[PDB]
Amino acid sequence: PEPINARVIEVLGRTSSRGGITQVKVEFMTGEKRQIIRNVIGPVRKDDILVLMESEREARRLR
Amino acid sequence: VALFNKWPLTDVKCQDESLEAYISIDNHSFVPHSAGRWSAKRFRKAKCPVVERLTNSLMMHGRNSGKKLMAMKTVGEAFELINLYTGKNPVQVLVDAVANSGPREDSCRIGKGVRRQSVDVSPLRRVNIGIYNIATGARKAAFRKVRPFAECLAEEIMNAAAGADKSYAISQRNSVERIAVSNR
Amino acid sequence: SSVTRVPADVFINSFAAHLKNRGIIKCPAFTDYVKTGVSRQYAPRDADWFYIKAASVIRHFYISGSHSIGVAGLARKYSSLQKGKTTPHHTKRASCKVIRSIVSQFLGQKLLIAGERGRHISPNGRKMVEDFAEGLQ
Amino acid sequence: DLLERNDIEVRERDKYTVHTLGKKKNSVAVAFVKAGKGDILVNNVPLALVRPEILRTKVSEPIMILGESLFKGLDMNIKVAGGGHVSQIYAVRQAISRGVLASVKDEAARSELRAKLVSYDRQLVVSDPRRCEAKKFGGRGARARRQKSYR
Amino acid sequence: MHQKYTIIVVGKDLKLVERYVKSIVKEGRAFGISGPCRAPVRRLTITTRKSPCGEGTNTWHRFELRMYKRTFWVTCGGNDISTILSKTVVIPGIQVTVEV
Amino acid sequence: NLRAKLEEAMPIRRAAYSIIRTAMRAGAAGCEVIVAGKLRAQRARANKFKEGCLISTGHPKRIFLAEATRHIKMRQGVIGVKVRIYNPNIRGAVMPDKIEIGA
RNA sequence: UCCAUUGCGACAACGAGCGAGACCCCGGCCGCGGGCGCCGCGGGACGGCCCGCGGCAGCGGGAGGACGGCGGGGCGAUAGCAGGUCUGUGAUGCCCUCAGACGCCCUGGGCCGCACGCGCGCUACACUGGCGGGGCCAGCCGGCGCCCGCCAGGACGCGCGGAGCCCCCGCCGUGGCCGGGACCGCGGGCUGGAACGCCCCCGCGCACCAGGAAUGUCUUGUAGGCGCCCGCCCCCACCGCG
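Order-wise, the sequence lines are chains Sg, SF, SW, ST, SX and SC. Add 1 to the 1-based position in the first sequence for PDB author numbering, that's all there is to it. The second sequence maps to residues 5 to 117, 120 to 190 in PDB author numbering. Add 1 to the 1-based position in the third sequence for PDB author numbering, that's all there is to it. Add 7 to the 1-based position in the fourth sequence for PDB author numbering, that's all there is to it. Add 20 to the 1-based position in the fifth sequence for PDB author numbering, that's all there is to it. Add 109 to the 1-based position in the sixth sequence for PDB author numbering, that's all there is to it.
Quick caveat, the hints were computed from the structure, so don't treat them as lab data. Errors might be hidden in some of the hints.
To be verified - Each computed DSS-like pair below joins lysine-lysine, with the alpha-carbon atoms no more than 27 Å apart:
1. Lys207/SC <-> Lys170/SC
2. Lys17/SF <-> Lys47/Sg
3. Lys207/SC <-> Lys70/SX
4. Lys32/ST <-> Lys72/SF
5. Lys26/Sg <-> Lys47/Sg
6. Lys207/SC <-> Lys35/SX
Said to hold, decoys possible - Selected chain Sg positions facing chain SF (in silico; Cβ < 7 Å):
7. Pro2
8. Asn6
9. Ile22
10. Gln36
11. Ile38
12. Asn40
13. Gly43
14. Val45
Using N, Cα and C, we set each Cβ at its ideal position, and we do this for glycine too.
All chains, please: the whole structure from these sequences, using the hints.
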């Protein structure tokens, strides 16, 4: 399965106890447009489009 | 605007709609020496000519710290050596190289007690790692060889743009992504 | 003016050939085997270097105009770092004798006139320098 | 070299309508603009021939964005002192932009011309505030510090 | 007669030197005294370790003695400026010197 | 005055309080005297006697605080005394922090 | 809530004070006055405006504006340390010494030795480099000329004056090589009363081809690279402070 791009709807917060993981709710840019929550590394903001390698895996809500 | 008085930005559009926003050719100025403060503001870095970011990545290791004038000279000669072989716009071949060199998955602990989990690399980090990897593969390649920095930089860009694993940057992307798939 | 319109290097090299052709300066040939500046280590490999240095020194005295720069000041214009020591390298002035020989030839040639303190370019020499510059253009 | 009163000392009179100052990293350029044939001179030398051969396009950059025809009809005498080569190339582009704009003055065309420059490059007509920071005791660097032997 | 007498005011404190400037300019304004020529400040500096011993992280006290000097030009009769010195307000610890 | 009182063998509290009242009557907002050394003991103490409000830091310490140091000598050993007197109203300048406001 | 007992809303507490802030020095920007020399006096910016969110205190942005939300420094509460300095001190208790002196000088020598362990640093390990000419760029702040000498330096005078990096063209060209410059033999200078100090010329050509376990500093004009000045000082910086 090719990776599917998803755009950030809400930047939920900073995790990993070092803040480096960013929690973001991402809505698939194309397709069913499911809104899943995924961990992100680096600088991220609303409307950032990132290719999700599997997308069937989601981080704990707001954790 | 013709970078190095030779190459336009008109056809240089990034195909990757996930990475197109963070790569900018609009602010290009002949000679990538804009002294604009990229350090200021969290995302001002994104609004910078891609070629200038490469010229900032080239000057590393300390012995070569700060010499932008010498780095941009290399970028021009490297672009000529990309034009000479690829036969395409070298600003556009760099744009494809930055897009490919950036991995989309990394491994970080994620509040675990050493157990890393899978994360998603941000679309700015993908651009920052991609350029850094291009320059660092060349840096290692030219350390003790008759081959000049300009030649190896020209070849990593030419190899990344297609996706050949000979590129130190693409090997790094595939290693980072694969560790991320297992730690998933 | 003129000497500026022609790039500084494209003037100095052509003037070096001119100052060897017209017989100006005439290398001492005793300073030919000496290395300018305590700072360097391997001596000039040009072999026509005296003429390049001679054309560069007149071009400096021309842009100086009535400033009348000294020979020691010209030696500080050819100062470089003394590299090759464990102690950190610092700038070291060029050999005074070489430049003193060059300025001496110009005074005898009357290309440069003597002045209070340092010597300065004479009008007769200036004529040669500007005609050469415009000729290159 | 340090903000000395030496404006008229290089050139006597010559109907220099304006005397702009462009300053980047401790380098100041006093540019004198009069009606001319489109000639620009820096440090008694053609502007096109500048020392950082790579940065010789940065000096000519305001002319390109504004347009050659607007520049034609002006003669500028620029004297740069202080700072170093790259800042002196940044100071002269700033001085040229400010001085050419001074001819339009408060005109609506100046507001467009300031915006035209500010869009291609902002801070081309605005001084860059960054200045060197002082060395502090216990560090070779302004903020760097000596290595701690123990702990 | 008519010579040029150079007054030089050397003072550590700026407000004190500015006061001497006001008095000198006022007394000689009729005599065409020149406006103050302010010298580049002499920021003589001594940096010394704060500790008498060598103990502790080495700390440094940065002491700067700034000396402000104003040169004054008056061209006129000598006797008048000798009296002009009495007329100008006397500032203690601030010195004036006349050089022909 | 304090050094003389201490050499007259005045008690340290009595001598210090006498200096404090004279400064307070002269209008200092705060007077602080610190006496340090071997006060009638082989161990060294540092008894600080202070009354009123005294500022501690800032450029106003240079302008509004008169800090005087003595080294009074007693038989057992040197007793150093510091007298600090703070006047907010010194005529020439005002306290930066104080805002006079109006009616 | 905030950089902060920084505030707000409260509240057996009710009013204060110190430290924080204010202040001070500097910088950048704009007026005014002066001027042998850029140097004197003021302004400007306050989270004020705008939009959201917040009793609030504020918060996130957007702007305009040299400058934006602690620009960098100076000062530094309260209580202590049994931290360090008696070898800075006509600071000093007490003990010792006190003309065969522990006074004060005078000659010579050490502190600078060195199987070794460790802490700052410095220079390298090369080609983004070395080497030759040419361009030439400062700032704290700042003298020069002429002649001779390979330089180092000197003589004789007088009133003055300025970097590296980098850029440009050659050369060597992956070789412990021309990388690197440790050592070591003549020699030329200097300073002083005197070298063992320093400088320089032709040799001579050490490790080091990137450093294990560990560990340190750093967010913009910052790191790092690269020069330069001053302190001490006969000479002398791989040091400190700029």
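Hints, one by one, checked against the model:
Straight-line distance between C-alpha atoms of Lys207/SC and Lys170/SC comes to about 14 Å, which keeps the hinted pair within the 27 Å bound. Distance restraint check for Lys17/SF and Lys47/Sg: the Cα-Cα separation of roughly 22 Å lies within the 27 Å cut-off, and the hinted pair is therefore satisfied. For the proposed pair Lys207/SC and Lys70/SX, the alpha carbon gap of about 32 Å is over 27 Å, so the pair is violated. Taking the CA atoms of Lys32/ST and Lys72/SF, the gap is near 16 Å; set against the 27 Å cutoff, the hint holds.
Of the supplied pair hints, the one linking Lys26/Sg and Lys47/Sg holds, its CA atoms being roughly 9 Å apart against a limit of 27 Å. Taken as a hint, the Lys207/SC and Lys35/SX pair is honoured in the structure, with Cα atoms around 24 Å apart against an allowance of 27 Å. With 7 Å as the threshold, the beta carbon of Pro2/Sg stays out of range of chain SF, its nearest partner Cβ sitting at about 12 Å, so the hint is violated. For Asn6/Sg, the suggested interface contact is upheld, since its CB lies about 5 Å from the closest CB of chain SF, less than 7 Å.
About 6 Å separates the beta-carbon of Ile22/Sg from the nearest beta-carbon of chain SF, less than 7 Å, and the hint is met. With a cut of 7 Å, the hint placing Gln36/Sg at the interface with chain SF is violated, because the nearest CB-to-CB distance is about 15 Å. Interface hint status for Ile38/Sg: violated, as the beta-carbon distance to the closest one in chain SF is roughly 11 Å, over 7 Å. Restraint check, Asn40/Sg versus chain SF: the minimum CB separation of about 4 Å is within 7 Å; hint holds.
The criterion of a C-beta within 7 Å of any C-beta in chain SF is met by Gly43/Sg, whose closest approach is roughly 3 Å, and the hint holds. For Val45/Sg, the interface hint holds, the least distance from its beta-carbon to any beta-carbon of chain SF being 4 Å, beneath 7 Å.
This entry does not satisfy hints 3, 7, 10, 11, going by the numbered hints stated previously.
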